[PDB]
Every structure is written in C-alpha cells, then in structure tokens.
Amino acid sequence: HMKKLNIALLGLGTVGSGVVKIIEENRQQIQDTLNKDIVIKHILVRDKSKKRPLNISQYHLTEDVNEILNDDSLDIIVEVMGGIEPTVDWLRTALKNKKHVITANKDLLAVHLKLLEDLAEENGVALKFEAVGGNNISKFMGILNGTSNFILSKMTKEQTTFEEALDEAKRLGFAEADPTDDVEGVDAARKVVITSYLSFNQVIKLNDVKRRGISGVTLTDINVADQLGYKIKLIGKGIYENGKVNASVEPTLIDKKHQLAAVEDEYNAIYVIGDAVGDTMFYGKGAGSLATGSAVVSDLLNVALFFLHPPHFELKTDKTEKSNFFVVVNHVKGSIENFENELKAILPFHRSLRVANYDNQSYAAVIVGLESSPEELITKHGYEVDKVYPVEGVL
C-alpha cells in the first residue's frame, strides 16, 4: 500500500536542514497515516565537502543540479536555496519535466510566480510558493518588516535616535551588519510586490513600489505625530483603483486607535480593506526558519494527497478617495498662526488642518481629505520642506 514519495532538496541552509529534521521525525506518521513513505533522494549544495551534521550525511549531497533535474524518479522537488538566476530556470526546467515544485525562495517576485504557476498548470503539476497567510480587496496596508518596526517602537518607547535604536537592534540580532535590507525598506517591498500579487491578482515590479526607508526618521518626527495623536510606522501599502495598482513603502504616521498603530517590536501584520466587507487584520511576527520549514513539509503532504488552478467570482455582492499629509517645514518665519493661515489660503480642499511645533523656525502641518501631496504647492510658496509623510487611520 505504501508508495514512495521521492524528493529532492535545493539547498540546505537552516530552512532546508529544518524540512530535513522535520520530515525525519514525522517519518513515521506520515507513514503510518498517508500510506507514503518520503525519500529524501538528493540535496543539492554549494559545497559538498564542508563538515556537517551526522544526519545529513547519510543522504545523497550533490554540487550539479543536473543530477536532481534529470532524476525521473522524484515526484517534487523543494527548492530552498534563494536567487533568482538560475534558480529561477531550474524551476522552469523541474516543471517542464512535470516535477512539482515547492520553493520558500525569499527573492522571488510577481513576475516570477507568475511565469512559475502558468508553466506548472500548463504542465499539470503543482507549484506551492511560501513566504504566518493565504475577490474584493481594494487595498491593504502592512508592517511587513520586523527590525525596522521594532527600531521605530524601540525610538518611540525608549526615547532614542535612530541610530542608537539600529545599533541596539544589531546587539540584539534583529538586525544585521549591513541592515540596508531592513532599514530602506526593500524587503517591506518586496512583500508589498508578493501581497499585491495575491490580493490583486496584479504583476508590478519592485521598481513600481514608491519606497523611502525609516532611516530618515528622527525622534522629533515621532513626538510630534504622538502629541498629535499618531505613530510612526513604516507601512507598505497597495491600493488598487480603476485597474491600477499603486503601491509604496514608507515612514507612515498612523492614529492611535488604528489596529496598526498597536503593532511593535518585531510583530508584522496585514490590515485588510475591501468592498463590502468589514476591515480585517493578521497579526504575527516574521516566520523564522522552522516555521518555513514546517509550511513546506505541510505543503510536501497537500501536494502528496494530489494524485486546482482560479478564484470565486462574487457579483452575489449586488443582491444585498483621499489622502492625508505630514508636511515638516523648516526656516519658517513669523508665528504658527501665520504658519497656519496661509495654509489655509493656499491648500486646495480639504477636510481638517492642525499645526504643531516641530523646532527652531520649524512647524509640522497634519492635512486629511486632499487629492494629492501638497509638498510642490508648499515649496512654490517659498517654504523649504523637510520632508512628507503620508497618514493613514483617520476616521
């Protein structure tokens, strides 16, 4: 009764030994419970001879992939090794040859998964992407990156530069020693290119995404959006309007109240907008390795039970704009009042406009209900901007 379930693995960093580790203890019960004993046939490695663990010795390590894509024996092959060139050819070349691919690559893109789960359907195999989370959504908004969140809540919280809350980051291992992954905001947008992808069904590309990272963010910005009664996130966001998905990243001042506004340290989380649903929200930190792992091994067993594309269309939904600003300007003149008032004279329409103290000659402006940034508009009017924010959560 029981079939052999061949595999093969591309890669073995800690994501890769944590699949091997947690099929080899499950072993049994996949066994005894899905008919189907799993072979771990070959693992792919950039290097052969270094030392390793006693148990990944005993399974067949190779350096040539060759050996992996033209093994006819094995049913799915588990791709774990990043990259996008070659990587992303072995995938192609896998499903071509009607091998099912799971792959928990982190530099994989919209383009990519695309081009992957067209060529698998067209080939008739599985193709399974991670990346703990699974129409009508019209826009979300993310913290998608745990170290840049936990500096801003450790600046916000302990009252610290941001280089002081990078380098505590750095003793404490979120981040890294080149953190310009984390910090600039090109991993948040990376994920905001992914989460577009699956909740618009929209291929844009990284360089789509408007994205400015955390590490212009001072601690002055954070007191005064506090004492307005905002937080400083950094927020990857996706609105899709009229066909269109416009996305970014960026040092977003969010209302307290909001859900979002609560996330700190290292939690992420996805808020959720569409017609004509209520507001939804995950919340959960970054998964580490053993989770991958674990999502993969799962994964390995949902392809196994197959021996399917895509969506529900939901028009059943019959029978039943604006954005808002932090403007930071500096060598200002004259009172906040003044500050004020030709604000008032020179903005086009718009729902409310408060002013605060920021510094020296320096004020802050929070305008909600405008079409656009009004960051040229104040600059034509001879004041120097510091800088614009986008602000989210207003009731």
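Residue numbers count along the first chain shown, from 1. Only the largest set of C-alpha atoms that superpose within 1.5 Å between the two forms is called the rigid core. First, how it differs from the form deposited in another entry.
For the set 335, 341, 57, 352, a Cα shift of at least 2 angstroms between the two forms, after rigid core superposition, holds for 57 and for no other residue.
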Contents of the next structure:
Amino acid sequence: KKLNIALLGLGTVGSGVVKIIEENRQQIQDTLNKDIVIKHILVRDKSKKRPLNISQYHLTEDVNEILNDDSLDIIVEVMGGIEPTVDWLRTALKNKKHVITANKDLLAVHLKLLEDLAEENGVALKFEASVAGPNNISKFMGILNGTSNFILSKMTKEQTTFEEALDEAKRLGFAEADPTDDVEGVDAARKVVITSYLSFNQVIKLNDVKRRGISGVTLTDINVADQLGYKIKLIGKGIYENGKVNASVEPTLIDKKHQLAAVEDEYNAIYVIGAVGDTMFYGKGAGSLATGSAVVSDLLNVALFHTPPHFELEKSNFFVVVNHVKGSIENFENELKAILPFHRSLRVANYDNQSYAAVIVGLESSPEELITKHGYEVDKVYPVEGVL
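Form deposited in one PDB entry done, so how does the form deposited in another entry look?
Single chain only below; no partners, no other molecules.
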C-alpha cells in the first residue's frame, strides 16, 4: 500500500520528519509493507534555506492544494499557530484524513474539539509530538519552563540578582530579548493546561491558570527559604478535587528532600500523585529530532490502522513576608499565633529590616487578606510544598 502524506510546515521539526522517513523508508516498506510518499510540503516561503538543503519534494505555499487532494491519507502538521492552523486541521478531519500534529501552541480546548471531530469522522488524531517534557491522578506538580528554572538555579547557586541571572540566560541563549513568555510563567501555564487535560480529562482555559512569574523572586527569598529547609521553584500545579481542577503556576517553596527540589538549570520534571506511590519524569524539553521521531512513530501507528478504567473492587501551606513590622520577632510570632485561624505549625524568620517571614502549615486559604485587615503590610505570599 502507498500511504500518501502531506506535511504542513518545514522548520527544524519538519525537516527532521522528512529525513527520518527517508532514512527508514526501505525498512518501513520491507517490514510493514507500506510505502510512505510525501506528496506535498506546505511552506510559508519557498525560497528559504533549510536543514534538508535543496530537495526532491513538492513544496507549495497554497494549503488548499493539500486540503483538496483526495489522494492524501494523512496530514502531518508541524507549522504551529492556532489561526489559521486549527481550521486547516478541522478541514482535514472533515475530509476523512488522519491528522498527526506536533503543534506546540495547541491548548486543551483545541485538542478536545479536534479529538471529537476525528472520532466523529472515523479518523485518528495524534498529538504525542505536541507534548515534550507521557493510574488515577489527583495532583501533579511540575517544573515546566527551562528558562525560568535556569534563572532560579543561577540566582541560588551563584548568589546573583534576578536581573543578573536573566542577563546571563539571555547571553547563553536560554532567554530571548523579550523573555516574558518564560519569566511571567505563560509557557508553564500552557503546559499546565495540557497536563491537566491529559491527567484529568478536563479542559481548562489558559486564563483559568492562576499565574505569577519569577521576576519578583529575590535572593533574600531564596536564602530565607534555604535556611528554613526549602528551595524556590516556579511550579505548575494541577489539583483535581470534587469535579474541579485548580491550576496554577507560581513561585513555590519546595522542601529540599522532595524530588523536585533537585531539578536544576534548564531541566524539567513532572511529579504525579495518585492509591499508589508518587512518580516523576525528568528531562529537558524535546528535542527537534525527538519531536520528529515522535511524529514518525505516530505515523507508523496510524499506518498500522477506544478509551479505560478498571475495578476498584488537603490543607495548604504558605510562606508569608511582612514588612514595616515594629517590635521583635518573638512578638510578631505571638501576634501571628493570636491572629491566625487554627493551623498545624508556624515558624518565623528574619527577612530584612523590620521584615519577617513566616511559614504556616495547614491553612485552608492564604492568610494574606486576614493579616492585611489586622493592620500589617504583607509583601507577598508563596505556597509551600513537599511538607511531610
């Protein structure tokens, strides 16, 4: 059987997909009795140079040339983008074409509507390559952005300011000139949306993820956390309780003994809680060749071509920084004991001149508003995780 495919996009991932198919073509014929023909490649601009170099494939700038080709069996999309890309994929599925996508901009809303449209039209939608950082899961926590983690590691290990650490990340290639997507936690929040969809089968919106970036984390925060037994990481978290997902991305104190506390520099990790023990997956972000390899894997799966469950038969902790405090640390601790609702434990630390930090274990919600209404100036509050 000839399997006629088209590629939408030819960047590093697209080029990699092509090379992998070329290199394995004879093997795929001999083994699976399938002949993969790349009949069209959509590119934005036919003139640009590429890792493929000058090649033998038909390049087009007109997507309709691909979407109207009824001889196509499978569309491989490596273009990125939501518009017009998602509409292209909707058309392909409506035309009874299998779709494999490595589109990093897709969110849960998009994957859901594409998965349904695929099922509806009797074809496959594969998005394995779209994720890169895969059992009743109740909670996950992750370090999901390499650049922000790199910055925090640098601040921590080398005792530099955020500004110095970000400049170093810029010169080393990790951060871009406008590093907002990394530093403000947007990239991490996207991965929290995707991870929540995969873990809980629930669709949340990007703006449902309560998000704070790292630009306000200081050495003082890091060193106070250190003395209390914690590192600071930008943590993306999803908690699935009572039919609802609470999702967030924010600077978080993590107990030094926690597996996540050791994840440094540009490495990422996803820590999954469920019943069973915890599990964790650790590694850097893929990986053009890895992404390309995952696409081709999904491709062979579809070429070799529903669900899933089976037989059954928590408080929060907080790091609070308060400024303009008159009086001693002992007095502050006593006042805090008097003000707080019932909780499990409290420790206080010096933070700066007339500033103290408290870690409070076992509250239902942030004591920020409460402490504010009692007349204190709260600088900020970070969650605390890994507490045993």
